[PDB]
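First, one chain by itself: the form deposited without the partner chain, in structure tokens.
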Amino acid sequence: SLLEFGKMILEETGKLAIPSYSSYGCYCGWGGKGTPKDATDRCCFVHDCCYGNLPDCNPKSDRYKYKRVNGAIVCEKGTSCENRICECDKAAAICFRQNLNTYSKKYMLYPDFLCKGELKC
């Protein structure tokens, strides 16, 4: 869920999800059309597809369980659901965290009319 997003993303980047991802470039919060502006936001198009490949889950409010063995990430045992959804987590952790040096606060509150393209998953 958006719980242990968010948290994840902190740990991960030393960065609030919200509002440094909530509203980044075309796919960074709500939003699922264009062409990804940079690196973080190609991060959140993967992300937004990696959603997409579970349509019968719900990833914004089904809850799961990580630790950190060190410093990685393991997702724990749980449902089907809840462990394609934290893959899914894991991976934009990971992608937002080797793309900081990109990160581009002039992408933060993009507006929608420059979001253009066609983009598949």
Contents of the next structure:
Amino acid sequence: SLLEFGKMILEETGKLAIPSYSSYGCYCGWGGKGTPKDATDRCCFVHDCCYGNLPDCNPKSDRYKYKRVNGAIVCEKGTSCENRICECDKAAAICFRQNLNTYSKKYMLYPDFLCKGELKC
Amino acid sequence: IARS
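Return the structure block for the form solved in complex with the partner chain; the form deposited without the partner chain was the one displayed.
Everything in the complex follows now, all chains and molecules, and the chain you saw is the first one.
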């Protein structure tokens, strides 16, 4: 679920998902167009694609379980959708961690009109 | 929360 993803994001990064990642660039928290602004935004682009891979799942609301094994996220077995949603979220949270070094606040609240063009998953 |  979105709340679980937000908790994972905070755990990884130390940033609150709202506001740090909910309106960032072209693809985070919202959006389907544009060239991603930076690596963090590309995490979001890929995450959006990952959810798009799951048209008969409900990633915003369906809950999954995960644990940590020496820091590492391990998604525990639930339904098929839950497992796949968890793997999408895990990847994005790791990606955000891997790209903190370039996170930029100037991309929070990024205006929609600066995001144009489709980029295929 | 985000959207995605």
